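Listed below are the residues making up each chain.
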Amino acid sequence: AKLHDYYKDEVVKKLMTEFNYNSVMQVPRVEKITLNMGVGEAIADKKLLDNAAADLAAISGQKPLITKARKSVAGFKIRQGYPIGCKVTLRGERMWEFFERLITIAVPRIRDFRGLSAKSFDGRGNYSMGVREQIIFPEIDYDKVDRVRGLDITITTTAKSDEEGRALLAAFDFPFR
Amino acid sequence: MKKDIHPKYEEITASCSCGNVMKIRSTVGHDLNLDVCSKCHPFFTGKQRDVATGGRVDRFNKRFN
Amino acid sequence: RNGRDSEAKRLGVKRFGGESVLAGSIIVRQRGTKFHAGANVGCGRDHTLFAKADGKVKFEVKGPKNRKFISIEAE
Amino acid sequence: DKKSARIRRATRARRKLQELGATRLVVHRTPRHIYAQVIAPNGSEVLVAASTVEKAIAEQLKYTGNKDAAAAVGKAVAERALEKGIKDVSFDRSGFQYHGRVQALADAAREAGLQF
Amino acid sequence: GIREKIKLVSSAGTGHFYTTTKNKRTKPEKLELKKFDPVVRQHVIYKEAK
Amino acid sequence: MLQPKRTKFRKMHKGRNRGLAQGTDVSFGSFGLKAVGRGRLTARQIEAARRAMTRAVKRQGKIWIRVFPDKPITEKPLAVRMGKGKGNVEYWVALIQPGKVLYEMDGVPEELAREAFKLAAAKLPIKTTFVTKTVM
RNA sequence: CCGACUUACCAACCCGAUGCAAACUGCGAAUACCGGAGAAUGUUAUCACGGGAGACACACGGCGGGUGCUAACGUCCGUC
RNA sequence: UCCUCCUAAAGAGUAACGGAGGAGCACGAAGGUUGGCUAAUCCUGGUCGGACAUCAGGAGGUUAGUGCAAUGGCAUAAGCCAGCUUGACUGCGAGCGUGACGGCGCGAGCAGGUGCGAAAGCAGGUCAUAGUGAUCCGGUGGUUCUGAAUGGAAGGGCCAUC
RNA sequence: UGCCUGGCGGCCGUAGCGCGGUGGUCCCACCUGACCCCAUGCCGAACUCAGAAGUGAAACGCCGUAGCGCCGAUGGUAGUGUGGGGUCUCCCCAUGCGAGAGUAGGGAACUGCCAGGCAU
RNA sequence: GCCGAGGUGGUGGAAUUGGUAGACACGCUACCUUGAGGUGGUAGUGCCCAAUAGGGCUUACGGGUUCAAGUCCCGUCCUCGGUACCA
RNA sequence: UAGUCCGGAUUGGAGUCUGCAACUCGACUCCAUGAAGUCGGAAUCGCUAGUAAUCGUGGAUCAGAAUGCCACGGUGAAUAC
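Protein chains in written order, with the numbering used here: chain D, 35 to 211; chain U, 1469 to 1533; chain X, 110 to 184; chain Z, 3 to 118; chain Y, 407 to 456; chain S, -10 to 125.
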C-alpha cells in the first residue's frame, strides 16, 4: 500500500541517482518476508506449538505452516517428522502492509531500543532480525499472554551485495545504529 | 489464498498518539491506539542521548571551586 | 566364523551381438540395469532383458550418460 | 530453472512415446504465443506445424496468447493434418500442465476430427 | 512371523475366497478389498475371516 | 615400527611379487638408497635401517622413508596343525620390486650419505645401491 | 569480561609431489567364450534315441592361485 | 538350509575347519496409477538456540536416499510428497534361462472383468537378488465326478486351503 | 541465398565450466494484475489464467579468450597366446597381439526437419 | 591353548527390553544427642564451570551401527569356572 | 492474599555531621533498586503474674560510632491434674 508507492517513486529514483543502473530492473526488490518461530520445546507437549501457531496467525494475516524436523537429532531429543517449528512466508501486498506495521508501529516498541545493527546481512542483501518477545506487535491482546515467545523475521531482497541491500532498506528509513 | 482458513484482515484506522492518523490493514479487531510512533521517537528524531561517559574532572569542578 | 556363500545365480549376457533370437528369448540376466532396453527389447521385473520381437541383437552406447542399450533388428 | 524443470516432465513421456513409435503432437506454450507440431514416428522430421506466429491465424483473433487462439491453432493443425492424413496421433503435453490452454488446443484438435 | 493367516470371503456367490496375511497389533481394521471373483465373474466386496 | 592406523580388513592373501617398481626417481631429496633385488621388508628392518642411518649422520639432514608396509602377514603357532582357519596377523611387510627407491636424504655431503646408506643397507635383506637425483 | 604477546606442540580441509590394495576403479589387454560367412581336411569326427557298462580313493609336472613358512613327494581348486 | 562380496585365472561355473557380512521378515501401504518435487555436508545471517532442532541465502552436485546385509542399479528417478484406488485379479501362455532330477525363474501376447489417466498408456505386488521345505497322513470349504443290488449317504476324487 | 529467434531431434565433453563483450523491430525471458479456470501441506514463490507499461539486470543465445575439463598421436615400456631356456617362488629367447600413464599436439562443437522476422 | 561368564562411584553392587546410569546397603562429610567417644537420628555423598538454574566429562580400553550404546557387534587387556583325552 | 502497597537485604547516585583525616574501615539522610524469606529438619530454650509476650523511652562508654549491656515505663495473658 503505502510503502509500495513510496518505493516506486523514491527508492527507485534514489538508487537510480546514486548507483549506476542503466536499467530499472537492477534496483533491489524486497521479494519475500518470512516470520519464523523456532518453538522447539514441543518435544514434551505440542499444546505450546499449537498456541504459537495462533500467535503467528494473529501477528501476520496468513495461517502459518508447521515445520517438521529434517534430520533426527539426539542432542535435543527430537524425532524425524516431529513438528518443531512454525513459519509464515508472506509476499506481495500483504508483505507490504506487514512492512508498514513493522516500521511505523512495531520497531519503536522493542523496549529499550538502540537501533538494529546493519552488519546482520549474510552476504547477499538478505536481512534477519530477532524480535525477542511477542507483545511488540499490537495484535496481541496482552490480557491473554502466556509466555514470551519471540520470533525472527528474515527479509529476502534481490540485492547481490550487502551495501546495495543496506541502502535499499535504509531508503525505507530503517533504524540502523 | 486458501479461502476460509485465513483470519480476517481488515482496513482499520490506527490512531497515533503523537498526533497522526494511519489507515492500516490489520487484525486487531478495533481502532488501535498506540503510544509512540515512527515519528517523534527519541531514536528516530535524534534524542537517543547517550550520556557523557566520563565527566570526572567536570564533576570535581562543578563540586569545588 | 566364516564359511557361508550363496549359490551362484548364472547371470550375464546370454545372447551376444548378431545372434538370431525368437521373440521372448532372454538376452541379458542381470541385477541392476547394466544394459538398458532399446527397440524390441523389454525389461523384466528382475531387470531381465528379453526379446519382444525376433531379429538380430545389437549393442549400442547412447544418451548423455554413455549407457549400454540393446536393440533388435526384425529379420 | 523454469525452463530447465519443464524438460524433465517432458523427458518422461517423450521417451515412452518414442518407444511406442506413436506420432507425437507436441504443444509449446509461451506467455504470449502457442505452438503445435505433428512430428513423425522417428521423431526427427515434422509433418505440419501451426501457431499464432503464423500470419493467417493471427489475422482473425484478438490476443495471440489465450484460450481462443489456442483453440484456433488446434483446429488449424487438425484440419491441416487431416488434409494430409495422419489419422492416429498421440498428444504430448510437453511438460505443461494440461488444464489451462493445452486443454483448449487438445480439445479443439479432438472435435475438429483427430482421434486421441 | 507376527502376520496371522486370514482369509477373505466373497459376498455375492460365495463359492470362493482368497487368503492373505494381516498384523493384529498394528491394523485391527477390515480388508474389504474389491477383488475379482471367478465364480460370479465380477468384482465383488470381500470380507475378513479366520 | 610402521603399520596402518585403521586398516580396512585384518588379513589378506599372499599374492605374488612380479613386476618392476614404480618409484624409480629420487624426488624428495638429493641422494637415495634404491633397491636392486626383489623381496619384502618388515617394519622392524625398516626401523633398524632408519635408526642406523640417522645415527650415522648425527641427526643432521633430512631422511625420507619411501616405503610403507600396509600388508599384514600371519603365522600359525607351533604344535598347531594345518587348517582351522587363517593364522593370526603377526607382522607387516612392504613388497619390494627391483628399482624401488627405499630411502632418500638431503642436506649432507655425498661421502657421509654414501657411508650412512652402506651402514643402513647392512640391516636390509635385499641388495641395494646408491643413486643420485637427476634433472629431467 | 574482554583479549593482547608468543612458541623446535599438534593440526583437519584444501594445494604441490610420492607410493599401496582380493573384498578400490574416471582406464584396460593377450587368450578364452558366444554367433555368422568361406575354403581345405577329417573313417559322422556331431546330435538324438535305445541295449550294456564301468567309475564317483586319483597321482605328479607346467601355468594361475587360496592355505602353509611364496616349507613339504603338503593340502585345496582352475586349466593342459 | 538360503542371500551378498572376494577367492574365481575379463562368458557361465569352480574347493578348503579360506577371508567378510546377513536371512528364517515387514507393508492395504512401504502395492497400482496420475500429478509434482530433488539430495549429503559445510559457510554466512538471525529470539531463547548452544558443535548439531526452525528460518533465509550461498557453495557443492547424488560424497545423499532406498523398510532390513552386501553388490549391481536408479535423475525419464527405482529417491521424496499429495489425489484416487485394489492388478497383492481369474484362465492361460509363444518363447527362453537355470538345474542330474524334484524343481526354480523371466516373459510378450490372448479371453473375461476392473483401477488410475484427458489420452497415448501402465498395473496379474514391492529397485533386484535372502524371508524357506518334498511326500504321506489328516482338518475345513465348494463341486452328484465316482459312489460295491437299487435310491441316497459314508468314503474317496478334483478345485481352494490348513 | 545470408543472418538471427523458437520447437523437435541427431550426437554425447574436440561438444562442460571459468573470464570478457554483445541482443530486444520481432522471437524469448524477466514483467503487470488476479472478476473468472486452476493452485499453495502458509504464500499467484511455483503451477494457472487475463494481458503488454517497462527492461535485456537476471536467464537464454551469440562472439572472443586455453585457465581448467576433455580428446590425443608416433616411439618406448608393462603384460601376454604359442614354442623353447635358466641361476626357475623370478625372468630370458624366437614369434604373434600389444596397453595404461605421459609427451608433441588438437580443442571453446558440428549438423538435420520445420516455423517466424530481417536485408537480399 | 578351547568354551562359558564377568569387568559400572571409595566398597558391595542392581540396571544387559538402545530413549541421556549409578537405584539400595555400607563407608565418608555436616548437624544433633553425649562430660566425651561408639551406637543412634536428620541432611549430603561420580568429576569440573559459575555462589546458583544448567551444561561439559563419565560403565576396562579402542572401534563400529544407528538419531541415540551400560545395553547389540568387533578387537585388545585383566579375572573367574570347565576341558586340555586315546595311544 | 499476591511474594503482593508484605519483606527491606543488596547495589548505583547525590548529600550531612563529627573528626588532622571517613580508601582500607563510621553514623545518618534522600532518590533509585527491591535479594532470600510463604512460619522453619533432627533437635532445643525461657517463663508461674504485673510474669511471659509485645511497644517505646533513657543512660554508661563516647569527638563520631548499638540490633549489645544496664535501667524505665505502656499494654498485658494462658497454665498449673
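These are computed hints drawn from the structure, not numbers from a lab. The beta-carbon is built from N, C-alpha and C at its ideal position, and this holds for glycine as well. There's no promise every hint is true.
To be verified - A few chain U residues facing chain D, derived, Cβ under 8 Å: (1) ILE1473; (2) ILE1480; (3) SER1485; (4) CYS1486; (5) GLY1487; (6) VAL1489; (7) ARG1493; (8) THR1495; (9) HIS1498; (10) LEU1500; (11) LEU1502; (12) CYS1505; (13) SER1506.
What the hints assert, rightly or not - In silico DSS-like links for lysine-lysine, alpha-carbon gap of 30 Å or less: (14) U:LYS1507 - D:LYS36; (15) D:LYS66 - D:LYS42; (16) D:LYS97 - Z:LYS4.
- Message: For each hint given before, does the structure comply? Return the numbers of the non-compliant ones in rising order.
- Response: Checked against the structure, the hints that fail are numbers 2, 3, 4, 5, 6, 9, while the rest are satisfied.
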